[PDB]
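Since chain A is already given, all that's left is putting chain B with the ligands on it; use the hints.
Here's the letter readout for the chains.
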Amino acid sequence: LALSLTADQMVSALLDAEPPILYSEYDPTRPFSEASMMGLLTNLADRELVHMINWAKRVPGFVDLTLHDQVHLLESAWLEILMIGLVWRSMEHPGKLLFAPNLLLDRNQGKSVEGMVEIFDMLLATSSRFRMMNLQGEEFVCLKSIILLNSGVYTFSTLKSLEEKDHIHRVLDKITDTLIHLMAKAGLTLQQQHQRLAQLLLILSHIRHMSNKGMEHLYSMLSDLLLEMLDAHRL
Amino acid sequence: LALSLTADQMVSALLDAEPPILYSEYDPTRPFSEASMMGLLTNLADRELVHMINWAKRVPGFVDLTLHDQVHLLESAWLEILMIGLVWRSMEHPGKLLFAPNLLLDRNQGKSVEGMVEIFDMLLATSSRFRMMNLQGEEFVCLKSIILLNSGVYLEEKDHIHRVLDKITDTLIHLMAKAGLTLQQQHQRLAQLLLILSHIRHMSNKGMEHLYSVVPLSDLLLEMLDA
Ligand SMILES: O=C(c1ccccc1)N1[C@H](c2ccc(OC[C@@H]3CCN(CCCF)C3)cc2)c2ccc(O)cc2CC12CC2
Ligand SMILES: O=C(c1ccccc1)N1[C@H](c2ccc(OC[C@H]3C=CN(CCCF)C3)cc2)c2ccc(O)cc2CC12CC2
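Chains as they are written, first to last, in the authors' numbering: chain A, 306 to 461, 464 to 528, 536 to 549; chain B, 306 to 459, 469 to 527, 533 to 546.
Isolated chain A, as found in the complex:
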């Protein structure tokens, strides 16, 4: 099914799978402050993670995998997906991170939490990189889907596992075909298509680097829950 989609049908399915932009809580009895900042950001990420589950299930080829492999892929990629969504939202807001439309934070508000501004600056630089590249929404949904399928594919031996890995790489190839088709459709020459494809995928290495640094920072302050939403019934 997923391997027979055209590039336009793959763009359409990814654009349609896009989750909504969530808001920070409008609690007057909890106004924004340095103390309540991480509580608001954690609550926002928790609500985003629920929508990330539905988005993943709508990425073509994802539900063809076993849920154990669906859980592992999302366990490996969830923070990367949150960050690239943040970086995408903040593209039009230089020097600031748009966590939510009602939660636009500048660099100085990150200094209140120790260790935050280092991750803050890396997210800002990625947003500047996307801005300088004029990243398109059709390219963004492809990059996010690549992260979902690639981040955990090297950390799964059984015959089933060999079929799953081959399928993940077959779907990743079709996203690559989709990215190139979007670049050819935009007028880029073949040399420019390969060059921009390389530039976009090399940004994924930095997003992984930010994720690892973000995991150490967050731990300095999921599997069962990921399963519970992914292991839905048909009632």
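What the hints contain is simulated information worked out from the structure, not anything from laboratory work.
Heads up, the beta-carbon is just placed ideally off N, CA and C, and yes, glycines get one too.
Possibly wrong hints are sitting among the right ones.
Stated by the list, open to error - To spell it out: a stretch of chain B is covered by chain A in this simulated footprint if at least three of its residues, at any positions, have a beta carbon under 8 Å from a beta carbon of chain A; those stretches are:
{"#": "1", "stretch": "418-432"}
{"#": "2", "stretch": "477-483"}
{"#": "3", "stretch": "504-511"}
{"#": "4", "stretch": "518-524"}
Okay, now just chain B with the ligands, sitting in the frame of chain A:
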């Protein structure tokens, strides 16, 4: 000014720049032990770092950067380069890591140490992935050069790095075209190769988190550049 090379001359320059395969400073006659296994791997990595400097100087476009940028890229990419070099030489040794011709280890020698077997397995999975794609030497040296130039970039200095990165991308595509790959197979394989770099970054982050669980590395890298 290295942007005036051809794809074939880019390959030839990177192949000629390959560092030698160093040996473990290990007594082939004294008994082996796991307590001395970090000392051998730290000593080997320190000696490989010097030859990594010589290799980086010969990556086309690297010396065009300032010494500040050359050191910053080396300080940010050195662990990734050691890892992918290890993965490259451990390819024909499935289930094993060939740190040196006299230092071949399997999983069980890594289990003796807290936190090693996790990175050991990720390194083995990368070697298996290289073995499945049948990675060529001309592709491997292009991947190492991309790691050197990409691992620290995130104004005209960044522009020059991106132009050289763009040329290595053109070199990789030219390599697969000369191999007979179709245009679809070319950009598919290029994507597969560059997506492996995200896993190598992941291993480097966990490696730093592992290895580092007085003299700054930049001072040592600067001194190595004087030879
Ligand atoms: O604050 C920060 C931040 C930190 C340092 C520098 C700059 C920014 N973050 C935010 C964040 C907080 C907690 C979290 O994870 C917390 C547990 C993990 C699941 N939770 C467990 C319970 C299961 F739901 C709790 C994930 C994300 C957040 C929110 C929304 C967004 O779009 C993006 C981000 C990005 C960022 C990830 C870097
Ligand atoms: O053992 C391990 C290993 C393998 C599996 C699981 C866990 C660990 N490693 C080895 C390694 C040891 C110490 C290093 O960092 C030492 C710094 C301490 C002062 N140094 C800086 C100042 C003086 F230079 C550097 C780096 C590399 C090593 C050696 C050669 C190779 O090709 C590759 C590797 C790979 C590697 C990185 C994963």
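Inset, instruction - Of all the hints given earlier, name the ones this structure violates by number, lowest first. - result: none
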